[PDB]
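Enquirer: Listed here are the chains, written in short residue letters.
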Amino acid sequence: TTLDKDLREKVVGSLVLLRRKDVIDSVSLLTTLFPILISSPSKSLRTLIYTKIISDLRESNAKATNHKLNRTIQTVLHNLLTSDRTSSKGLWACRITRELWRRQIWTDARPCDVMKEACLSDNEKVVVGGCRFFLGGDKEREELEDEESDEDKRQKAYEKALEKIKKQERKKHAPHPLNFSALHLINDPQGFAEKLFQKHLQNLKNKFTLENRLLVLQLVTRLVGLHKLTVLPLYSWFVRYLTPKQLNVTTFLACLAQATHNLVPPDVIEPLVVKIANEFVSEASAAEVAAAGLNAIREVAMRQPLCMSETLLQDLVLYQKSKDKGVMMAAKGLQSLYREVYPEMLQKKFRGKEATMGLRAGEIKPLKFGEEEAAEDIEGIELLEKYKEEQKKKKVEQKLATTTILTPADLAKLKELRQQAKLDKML
Amino acid sequence: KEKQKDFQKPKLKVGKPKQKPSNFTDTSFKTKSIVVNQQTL
Amino acid sequence: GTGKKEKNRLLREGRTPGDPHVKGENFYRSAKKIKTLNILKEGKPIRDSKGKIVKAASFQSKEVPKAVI
Amino acid sequence: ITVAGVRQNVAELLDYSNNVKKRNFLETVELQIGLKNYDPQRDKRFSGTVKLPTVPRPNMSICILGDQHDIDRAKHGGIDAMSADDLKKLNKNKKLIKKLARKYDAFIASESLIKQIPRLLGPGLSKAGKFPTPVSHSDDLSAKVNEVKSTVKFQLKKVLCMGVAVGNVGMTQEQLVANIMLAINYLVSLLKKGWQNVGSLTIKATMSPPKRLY
RNA sequence: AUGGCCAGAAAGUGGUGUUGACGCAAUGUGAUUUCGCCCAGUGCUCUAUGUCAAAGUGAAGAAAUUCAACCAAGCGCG
RNA sequence: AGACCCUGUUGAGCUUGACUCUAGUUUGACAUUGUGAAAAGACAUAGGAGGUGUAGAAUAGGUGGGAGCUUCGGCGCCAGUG
RNA sequence: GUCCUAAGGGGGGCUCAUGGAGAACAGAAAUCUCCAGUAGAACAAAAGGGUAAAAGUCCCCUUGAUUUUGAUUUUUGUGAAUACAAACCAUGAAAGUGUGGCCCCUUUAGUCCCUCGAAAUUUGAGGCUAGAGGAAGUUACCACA
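Protein chains in written order, with PDB author numbering: chain CR, 97 to 248, 266 to 511, 618 to 646; chain CS, 9 to 49; chain Cd, 2 to 70; chain Lr, 4 to 217.
Derived by calculation from the structure, the hints in this document are not laboratory data.
Wrong hints could be hidden among the right ones.
In silico EDC-like cross-links for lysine to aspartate or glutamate, where the CA-CA straight-line distance does not exceed 16 angstroms [what the hints assert, rightly or not]: (1) Lr:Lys-54 with CR:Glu-492; (2) Lr:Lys-196 with CR:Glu-635; (3) Lr:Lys-147 with CR:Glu-489; (4) Lr:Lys-118 with CR:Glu-383; (5) Lr:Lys-118 with CR:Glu-484; (6) Lr:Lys-195 with CR:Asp-629; (7) Lr:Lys-97 with CR:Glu-486; (8) Lr:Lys-196 with CR:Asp-204; (9) Lr:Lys-101 with CR:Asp-301; (10) Lr:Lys-47 with CR:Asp-629; (11) Lr:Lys-161 with CR:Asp-301; (12) Lr:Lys-195 with CR:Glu-282; (13) Lr:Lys-195 with CR:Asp-248; (14) CS:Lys-24 with CR:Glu-324; (15) Lr:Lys-47 with CR:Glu-282; (16) Lr:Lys-147 with CR:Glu-485; (17) Lr:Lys-118 with CR:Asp-380; (18) Lr:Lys-196 with CR:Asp-248; (19) Lr:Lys-54 with CR:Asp-490; (20) Lr:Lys-47 with CR:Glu-241; (21) CR:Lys-478 with CR:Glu-457; (22) Lr:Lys-133 with CR:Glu-484; (23) Lr:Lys-133 with CR:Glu-457; (24) Lr:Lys-156 with CR:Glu-486.
Short derived list, chain Lr residues pointing at chain CR, Cβ under 8 angstroms [to be verified]: (25) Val-6; (26) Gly-51; (27) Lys-54; (28) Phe-134; (29) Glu-150; (30) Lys-152; (31) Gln-158; (32) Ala-181; (33) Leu-185; (34) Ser-192; (35) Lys-214; (36) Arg-215.
Far from chain CS, some chain CR residues (derived; all Cβ distances over 12 angstroms) [as the list claims (entries may be wrong)]: (37) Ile-120; (38) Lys-358; (39) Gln-359; (40) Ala-399.
Virtual Cβ for every residue (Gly too), placed ideally from N, Cα, C.
Input sequences plus hints: build the corresponding full structure.
Expert: Written out as structure tokens, the structure is:
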């Protein structure tokens with residue numbers, strides 16, 4: 097505190113220089129720098145010591161992952177978080193974990209546990225830091241996925274159908290939304306979500322600002338959607354917030370959409386959809402309010418389609434005749450979604466071509482709660498067996620899963636035959 | 009999007025407070041005190 | 002001096018080929034600086050061999066606009 | 004991997020499990036799978052189910068969480084069942100729901116009660132990975148129990164190793180081969196690269212030395 | 001001084017140099033009196049991961065060849 | 001036939017992270033290049049050993065079988081804690 | 001990054017927007033009944049053109065939203081549209097109607113595709129065919145026509 101700013105910066109730089117000269121140990125430098133970082137009033141000194149600590153971790157783990165040093169520093173951060181929940185000094189632990197995670201120096205589940213304790217804290221800034229750790233890493237995850245992807266008339270209608278089949282295949286094999294490594298690496302996701310919901314969202318005594326409550330809600334809803342958890346009071350908690358008068362109601366509707374998933378009962382989601390329909394999509398409602406409500410309803414219907422009633426869905430699909438472009442496109446999106454998912458609720462005018470042909474021929478089956486695929490044979494195995502029989506017939510002119624070994628070339632041929640059959644069914 | 013109308017219609021945004029009217033007059037102001045840093049001669 | 006080439010300078014800066022590159026942009030001059038310093042260079046028309054103006058100078062349009070309300 | 008090799012591997016497996024050293028219980032043949040060239044978190048965890056032609060597991064106990072009509076069908080078929088009144092008597096206790104999930108390996112519910120299961124048993128069955136399979140009032144309860152017993156799950160998670168039961172010692176060699184090849188082929192179908200991701204395959208009984216296909 | 005700054009196509013070549021820091025060389029300012037701070041940017045300069053040429057090494061193939069590590073100075077970091 | 005303005009497939013001098021080059025310089029390899037010792041590093045293998053955030057009898061990488069193993073003392077399943 | 005860039009064919013039945021007068025709650029607005037109603041509705045152009053036993057709406061079957069070859073218009077090849085010609089169909093009692101929606105580099109494949117020019121094979125390359133994707137200033141030192 098008492099020394100000159102330039103002199104104390106030179107002292108810290110000289111200590112880091114001695115560490116590079118290997119006069120002093122990394123543990124000794126970190127334990128003589130970190131309490132000064134925590135308790136120093138000087139902002140410039142705090143920033144410089146934080147930068148030197150990050151550089152020390154990068155230099156130490158440049159050669160190989162120094163597990164002892166990483167474990168000791170994670171222990172220090174965990175003890176700093178555990179010592180005082182009301183103290184604001186946990187933001188330094190949060191910031192250090194963010195910087196090392198984005199530098200990919202730390203990838204183990206112990207920083208995830210440390211930020212779990214950071215989320216389960218009394219201090220608003222520490223809660224915000226931990227929630228941002230679990231949330232805002234999705235942008236870096238999308239960047240890493242982009243890097244991994246970079247590393248990796267009738268004829269026109271048939272080409273468009275093939276493009277649609279390729280999009281369906283991408284949906285069948287393309288990474289799940291809201292996917293993040295720390296969110297997977299944390300243990301007991303149901304318990305963590307319940308603890309966050311009871312501590313911050315349920316408690317009216319919590320004086321958190323609305324944006325911070327929205328951040329905690331985003332964390333809880335991404336956990337519920339990603340790990341398919343069941344937190345029933347959350348859906349009753351959204352009830353008072355699903356109003357157009359409520360600020361950031363777009364964020365609330367997005368959170369409810371992310372919370373919804375397949376194993377959520379239709380009984381608990383239906384009052385939410387009915388409330389959104391009544392408050393947002395009504396004759397006195399504005400066009401923007403109706404469009405936002407229909408978009409939120411479409412998101413919830415993508416996540417769980419069984420929430421609807423048939424009459425309500427037909428009523429909402431009839432909003433495509435609206436003179437507003439946003440309401441029109443939202444209603445058409447809802448109609449198209451139910452065209453692929455559950456065309457039986459849709460009217461015979463609104464089903465379209467492929468839906469009516471599928472319902473007439475009998476291939477399309479009703480979607481049910483809890484129903485899972487139970488395919489006794491592989492997909493396209495019949496087509497692969499037919500191709501093998503055709504090859505045998507050609508050889509003569511010139618059951619497969621039980622006995623025959625699945626060659627990789629045979630699997631590729633079966634996939635090509637399945638794609639051709641899908642294109643023929645689309646045509 | 010390159011069209012330039014004489015009057016731009018404000019757009020209602022859901023989940024946000026309503027904008028003040030176009031004819032609204034704001035009388036709030038902030039003042040800063042000028043001080044001369046020179047000692048008595 | 003491969004490192005002093007403009008292509009290598011843009012790659013080390015982070016700009017991708019395909020971005021708009023104003024003529025005259027180098028290490029000392031950004032697009033803002035070029036646009037600022039070309040204002041002093043404005044003011045000349047484009048003429049033919051006989052001296053009649055084929056494209057006028059800046060803010061000397063010769064064209065009468067349609068003024069309605 | 005050659006089918007004759009599969010046949011001879013399961014041949015000495017049965018030979019050891021029945022002749023050389025026979026345990027006091029019925030051992031279960033299971034397949035262990037390693038993965039490679041794959042990210043458990045960046046890429047999708049594949050999930051799938053396949054019905055084996057023969058029941059690999061004669062000793063499974065299946066609980067039925069349904070209405071009175073399904074309870075009557077269960078007691079007619081000699082299958083134990085539990086009622087929604089008993090689920091209410093459990094009073095959403097995590098220890099009791101965990102004990103039920105440990106006791107019963109599989110659960111089968113009606114449509115009328117399968118939407119009430121997550122509000123009666125909470126997150127217990129989802130946590131244990133034992134969410135009930137729907138059964139109608141028109142479907143055969145015994146038949147449904149049969150494919151629930153014959154069906155195995157192929158779900159990926161945080162690690163690159165998997166283990167799936169494919170049969171037992173007492174049920175015989177040719178349908179053992181059929182079940183093993185069906186499981187392997189369904190695995191190759193679920194894999195995005197097929198045999199390019201198969202690290203290692205190994206069959207063994209419950210208490211026996213391993214036998215490596217790969 | 002096995003040096004600095006320069007010449008020369010090269011040289012067993014030359015200038016400073018018949019020289020040695022009170023010297024040589026490059027600069028800026030320009031008698032005498034009088035007359036702070038900032039290394040932000042750009043320069044110049046001192047010190048294990050990244051970037052990382054040729055040669056060399058390993059694997060595959062029947063070879064052409066392909067893929068891998070290793071990888072000086074400089075750049076980056078400080 | 002000057003000076004001034006305008007035009008050019010204009011010429012030339014000069015400047016700069018404009019383009020393409022280049023003297024010089026610096027660094028690495030090979031040759032010049034001989035006679036000797038000592039060390040490490042990287043792969044290849046022959047192996048061997050380990051896991052505390054809290055709670056829990058223990059100091060739980062994880063996964064899938066499993067109620068029986070047993071060297072006949074017990075370890076187990078059960079319960080407890082996760 | 002999500003969402004929208006539009007369901008066509010045949011046959012049959014019925015009229016729309018709106019106004020007036022009436023019926024417990026029921027009122028400005030819930031459903032029901034009559035009369036008037038040349039389109040003032042709807043048809044994916046917000047005030048263009050065209051449609052009333054329909055081109056609108058509902059119901060029943062269906063995918064002519066299918067292959068193949070020329071001709072014409074917008075004007076070498078396209079693409080779109082227009083009458084057809086052949087096959088296979090759909091609908092309706094039938095006449096008929098329906099061939100959509102009222103108007104230059106990179107890279108992949110080729111069994112029986114061809115060359116590598118002394119002969120053959122295997123890699124590789126080339127060709128042909130058919131696809132997919134996408135170079136700054138200054139001159140008040142000046143000079144020339």
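Enquirer: Which of the numbered hints above does this structure break?
Expert: 7, 8, 10, 23, 30, 31, 35, 36, 38, 39, 40
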